[PDB]
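Enquirer: Next come the chains, spelled out residue by residue.
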Amino acid sequence: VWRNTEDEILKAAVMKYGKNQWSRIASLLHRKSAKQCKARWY
Amino acid sequence: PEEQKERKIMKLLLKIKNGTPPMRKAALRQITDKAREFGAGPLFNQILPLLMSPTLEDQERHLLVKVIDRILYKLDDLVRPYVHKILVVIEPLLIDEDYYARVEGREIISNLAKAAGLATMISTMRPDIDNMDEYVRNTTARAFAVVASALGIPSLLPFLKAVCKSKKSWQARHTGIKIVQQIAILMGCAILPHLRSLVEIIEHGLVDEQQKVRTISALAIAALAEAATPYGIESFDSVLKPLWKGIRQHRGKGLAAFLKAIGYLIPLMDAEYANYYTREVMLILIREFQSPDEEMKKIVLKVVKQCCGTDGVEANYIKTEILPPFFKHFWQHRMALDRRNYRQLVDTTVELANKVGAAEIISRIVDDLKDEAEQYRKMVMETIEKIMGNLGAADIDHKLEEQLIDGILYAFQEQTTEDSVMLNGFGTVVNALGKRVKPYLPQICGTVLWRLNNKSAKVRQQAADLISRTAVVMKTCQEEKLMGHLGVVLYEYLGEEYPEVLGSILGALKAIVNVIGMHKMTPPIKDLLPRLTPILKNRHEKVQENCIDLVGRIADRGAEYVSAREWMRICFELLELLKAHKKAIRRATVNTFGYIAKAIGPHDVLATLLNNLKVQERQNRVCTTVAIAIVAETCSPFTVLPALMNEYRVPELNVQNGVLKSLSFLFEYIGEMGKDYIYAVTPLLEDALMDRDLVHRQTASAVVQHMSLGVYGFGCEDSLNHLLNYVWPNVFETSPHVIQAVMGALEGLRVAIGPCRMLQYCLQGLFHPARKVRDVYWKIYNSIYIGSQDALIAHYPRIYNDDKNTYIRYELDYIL
Amino acid sequence: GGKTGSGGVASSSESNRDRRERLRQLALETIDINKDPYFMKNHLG
Amino acid sequence: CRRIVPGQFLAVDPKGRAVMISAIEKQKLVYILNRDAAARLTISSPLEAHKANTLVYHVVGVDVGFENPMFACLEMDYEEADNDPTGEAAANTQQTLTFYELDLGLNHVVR
Amino acid sequence: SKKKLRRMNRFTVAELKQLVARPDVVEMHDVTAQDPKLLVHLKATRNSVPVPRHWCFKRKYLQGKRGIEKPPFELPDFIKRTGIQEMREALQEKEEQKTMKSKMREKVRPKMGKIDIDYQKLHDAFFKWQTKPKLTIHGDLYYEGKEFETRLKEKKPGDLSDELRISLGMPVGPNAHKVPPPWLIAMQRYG
Amino acid sequence: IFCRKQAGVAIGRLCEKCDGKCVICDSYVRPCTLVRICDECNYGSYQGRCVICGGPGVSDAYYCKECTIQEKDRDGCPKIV
Amino acid sequence: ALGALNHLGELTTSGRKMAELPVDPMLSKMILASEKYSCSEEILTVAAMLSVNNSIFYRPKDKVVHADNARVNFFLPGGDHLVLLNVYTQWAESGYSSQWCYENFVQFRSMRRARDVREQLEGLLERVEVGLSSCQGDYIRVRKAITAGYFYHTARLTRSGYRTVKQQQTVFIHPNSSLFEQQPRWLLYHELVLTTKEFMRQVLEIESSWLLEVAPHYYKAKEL
Amino acid sequence: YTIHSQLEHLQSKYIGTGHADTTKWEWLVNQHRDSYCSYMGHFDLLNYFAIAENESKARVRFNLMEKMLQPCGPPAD
RNA sequence: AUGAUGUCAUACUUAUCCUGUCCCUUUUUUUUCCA
Ligand SMILES: [Mg+2]
Ligand SMILES: [Zn+2]
Ligand SMILES: [Zn+2]
Ligand SMILES: [Zn+2]
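Residue numbers (the deposited numbering), protein chains in the order written: chain L, 10 to 51; chain 1, 489 to 1304; chain v, 8 to 52; chain 3, 112 to 222; chain 2, 450 to 640; chain 7, 9 to 89; chain X, 798 to 1021; chain 5, 5 to 81.
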């Protein structure tokens, strides 16, 4: 699932990169993939 | 009632059972003085059922036998009326498959009969030697052995004379005879003071009508021989003849044990007896060489081993007399099929080889290399291997050696199990053929190569192995075409992808390069090693083990048929062998980093090691820190110390700790040549002993330990004093690793700095209010005391004497 | 179609080290864009 | 020169069969000596006689004839004299001329 | 309660200080110790070294050093002189700029022997210019903040500093002798 | 856990996994003196084993020179039983 | 120790009642404990199970997974004994159905003979003076009556494995235990065998506190 | 705490060690005995005392081993 | 101004592991008013 730390790393990544570059945001996250990133954000 | 009370207060066996060792001291001492008054009258009836209680434990037994022995020493007389009871309730323990039941019953009965009233024993256990039950006769007989241990045979020997001269019962004559054999088992050497008295005891029954007594007396002869090593028939001649005649005029169980005894005396014998006796018994043996029976086979073959293994059994004698029926009836499939016969047939046949040579035995077991029960030819090579390995192959003539080499080839092809059996057989056989093997190297290799071509991995791997065995003789017979063959053809197979074969190929190449040096290798290592570098990425323990072995050899000795750039790439590949799951690989990797630092200079390899320290995950960080230590040890430490120290400034944890751990290993490895770099290193350890983290201080402490043990005796004690100032505060600590490395630093520092300095550090906190500090200082002072308790005699303070004690030492201040 | 003159592909340990470092720069960026006076990076990282 | 590690006293058996090494408290060992086949001397592992709280004023081998060799030590026992707050047991304690004995057959030292 | 009767034996700190022959030692918890006459004779022996500060404290050893920021370790001169640090700085900046692809390209085609630094420079640092650092003699345990504690007990008047001279108006160096400080002026004026 | 029942004249041995380290100091270097064990941890199925692994006795347990400088090698059979 | 004997070795009321009662005492002590714990029916059915267990669940190779499944269904929290309890409960619930056990991988032989032994136990129950009671779903009483019977048959956690409470000899858990992976700290068993390694069967997790509730004369606190 | 079984075995192993409750009397008496065992062992302090008093080596070591029994007063209580 | 309490994941230590593990033979115990 998802933990405060990862959720905030996500928040930071997205707010920087923009809301359609899911693959790099996924790359920032250890053991998280772009499907899950996109779902969690939306 | 005072008796029930005395038992009440007597159950402080609870004080001894439960409790502090203080409890043990109070009760043990009080009872060891109260033993007479409290008596064993009540004790013994309280005492026997706990000693027999099913789960009184090891130390419960230990303590209660402590009790029984010391209270029986105390009460030599005040244990008197309970003797038969103790006796019969403990008796089965000496004859008991618990060695320690034997031991403990033995010891307490020693002390029991020892402080006992003497005649009592005889009185109770005369009428039981005549008894009807062999059970009770054996129990009381081995008891009597223990009682002779307790007292001594002399006091008893005429009553033995009685129990053995009885004309009422054969039961009792058998009983006395086994008492004899039993002491002969127990006291061993201790019999020669009698040495014939027991022989006299026994002369009556080897002629007796009851086979039981007759044959247990034969075994008594056996046991007495055993404890009565080579000192021969200056005692035993008095019975040699009934043995002699019953051997033939008997059949069965008597044949067994009587043969056993006579073969136990056959060592102790002499020519004019050990020629007639052996020569006579040999015809018995020839009729028994067809005996189906198992313990028969055991006894007769053991006999034969000693018997036809003396100096008075002629070479000719055996070769024409024993061998034909021996080989005929034991070299059938049955014996190798058997679990016992395999090994024991081995034993005696290797001994007969030791006797009469190889050019007949080898010839008699050649073609058993081509039989059916693979177990069989397995056995025959087991033997042959043992044989020629102990003896040498001097007398093996032409045709013999031929059929041998050929049966060898067969065994090895025919192989159907993964065993070192046939490998070792081959290795030994050519190891002994030495230079005899020249003309079959086409044959031997051609075989091995056709196997190397096979479809299934296993046989391929086998042929690689066999090459790695015979590798040395391959050359030593000057195999230009042939050892050249194996060189280039294995350079071919270096492309395999079955790890199990690739590893063995690497092994065989290594075992060729060992014999033939680098600069005449058939593939020049100038092309070998470039081929090897892409294999170091094979992520498999066996191929990785053997590859790093081969590259380590080359980088050690070859090292110059390769270019700096090659060595650099190979460095970069080694950097990730440091994560193999097997530790042999990792130690080999570190060694080769050392060799490469020798061949190329140290500086580039050291740069590539620091960048690895930056990795995480610890077990490859720790192994690169070992490698740094090794590079520094080979190429002198001044080359690497500045770079290490300077890297101590990159602000990351794993790397500052890598630097500290590397200096740890470095001072361990160099040792007494730390008297140079101790000054350079101190301000970095004081830096890291003023906090940076737990692990920071744990590691700086380890470094202090090894510096101190290196610089023992070279005067750099001011520097270790300075670092004591910084290590000693960590004394109050909790984490196990941290406080443990601290304590280690203080033992090292104790030898290197002396025990005054450390007793002074430990003075004031011995008697402190607190208890955490009292305990740490008494832990230290204990370790300072154990080692070097004898210096301190001149280091203790001056501790004034109050009123009713004297505490000053006037001995030490006599003037003179 | 790959290309000639290239190394391999970074191994998981190096990929991990640089994932870490990139994460750290992500952190420095966010604490920059959020202007924090309550922050320190210590001599141990 | 410790106190409980052997070496201060050492005795032999008059015939040359065993040696005993002994400290001034708690420790004494015994070594057995046999010529080897080539008569070049051997020495097997040592025996034990660890007995706490006991001095030794001397140890010496007693001359027996091919029996078990055995040794006469003096002794003392400071034990009680340090359990008595009165100093009585300081006085009233007696040397105990004692013999330990081998048992080469059973390979131990018996009091 | 028996501990409480020994607690009535638990004498006064004045009891101690008056009894004892050397009263400097006597401290707070000294009295709850099972043998204070010993404890104090020991603590008043020569050359012995007292327990650390921090057995009382609730904070562990240097969790109090936790707060601050700290500057990296400073090499020995005779090792700076040999000019290693600049080599390493340069290599650092290089490899922080270079990118992953180029990193692996250099893994497969190394820049063999980029740099050099000669021996006899090293061997002379370590064997010809190595020198005794500043060491502290027997007893002076390091405790937290000790390096922060400035220094005291130089009641001597001649003790002057160069920043002292500058920010007081007096001279620094060989003229710290021939410079009477502005306080020796009123020493001459009114004592 | 230690045997420590006192020393003797019987050498100890190492399995090949355990090959190379000292018995306690856990070193890999400069071994000086041979190891000796007690009769009790000498007998029987325990003949020629690895004091550490329990594996077969093949290579000889030795004593790191530090352990001999501090005479931690004068205590006897240190077998972790 | 179980309380059938006085301190001199003769018969107590508890002691006689168990000899007349068919089957062994440990069980008998547990059945008497149902009297105190008002878990009569449940302790009864448990006894009925331990009478015959050795053949309960058919474990064929050719249907291993569906079998392990129709087994893993009933697996209750507390241990194998209440497992058996629910299993019997559900079988009789089905109306003593044979196809029930056929569907659910249970040996009908074991089940029905166990039912018979419980019914004749009930036919003994009037003589042994037991009131027909339910635990009302309170398996605490159940585990406690199990203890009051089988306190002897206990082990504790050791960091070197599961080891006895008394002799501290070393045991292991049967693979097929409903607690086999649960691996409880305070263990009760029903078998003590040493197959290829030491084993114990029909095991349950207990409180060491019930042990000072039941046998402070045999189990003292300091030993727990 | 099996460490402690071994450690009070160590207390049983080395006469003269300590623990956090050890009394001034046990401490100083153990150091006094050790002092005696070494005056005997070292062949030369024996000459020092033999010569300091006007005794002779047998006299010296006999005194010493007599004193070894209650060297520092009678016991504590 | 640093308490213990924690079902906190992360970081970290021991040249600490990757080689120290697994499924039962046989069979037996008397019983009670029906409604
Ligand atoms: Mg392109
Ligand atoms: Zn060691
Ligand atoms: Zn042992
Ligand atoms: Zn090993």
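Be careful, since some hints might not be right.
Claimed, not checked - Distance ranges between label pairs, derived from CB positions:
#1 645 (chain 1) to 42 (chain 7): 45 to 53 Å
#2 601 (chain 2) to 161 (chain 3): 40 to 48 Å
#3 42 (chain v) to 987 (chain 1): 33 to 41 Å
#4 580 (chain 2) to 40 (chain v): 44 to 52 Å
#5 11 (chain 5) to 476 (chain 2): 50 to 58 Å
#6 870 (chain X) to 781 (chain 1): 55 to 63 Å
#7 83 (chain 7) to 1107 (chain 1): 52 to 60 Å
#8 987 (chain 1) to 585 (chain 2): 56 to 64 Å
#9 493 (chain 1) to 11 (chain 5): 52 to 60 Å
#10 1203 (chain 1) to 123 (chain 3): 56 to 64 Å
These aren't lab readings, by the way, just hints derived from the structure by calculation. Just so it is clear, CB atoms sit at the ideal spot from N, CA and C, and this is done for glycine as well.
Enquirer: All hints are to be evaluated individually against the structure, with a verdict given for each.
Expert: Now the hints, each set against the structure:
Between residue 645 (chain 1) and residue 42 (chain 7) the CB atoms are about 47 Å apart, so this pair conforms to the stated range of 45 to 53 Å. Distance hint check: the CB atoms of residue 601 (chain 2) and residue 161 (chain 3) are about 58 Å apart, inconsistent with the given range 40 to 48 Å. For the hinted restraint 33 to 41 Å between residue 42 (chain v) and residue 987 (chain 1), the CB-CB distance of approximately 57 Å leaves it violated. For the hinted restraint 44 to 52 Å between residue 580 (chain 2) and residue 40 (chain v), the CB-CB distance of approximately 50 Å keeps it satisfied.
For residue 11 (chain 5) paired with residue 476 (chain 2), a C-beta distance near 31 Å fails the hint of 50 to 58 Å. A hinted range of 55 to 63 Å holds for the C-beta pair residue 870 (chain X) and residue 781 (chain 1), which are about 60 Å apart. At roughly 32 Å, the beta-carbon separation of residue 83 (chain 7) and residue 1107 (chain 1) lies outside the given 52 to 60 Å, and the hint is violated. For the pair residue 987 (chain 1) and residue 585 (chain 2), the beta carbons lie near 59 Å from each other, so the given range of 56 to 64 Å is met.
Taken as a hint, the range 52 to 60 Å is violated for the pair residue 493 (chain 1) and residue 11 (chain 5), whose Cβ atoms sit roughly 39 Å apart. In this structure, residue 1203 (chain 1) and residue 123 (chain 3) break the distance hint of 56 to 64 Å, their C-beta atoms being roughly 44 Å apart.
Violation of the numbered hints given earlier is confined to hints 2, 3, 5, 7, 9, 10; the remaining hints are satisfied by the structure.
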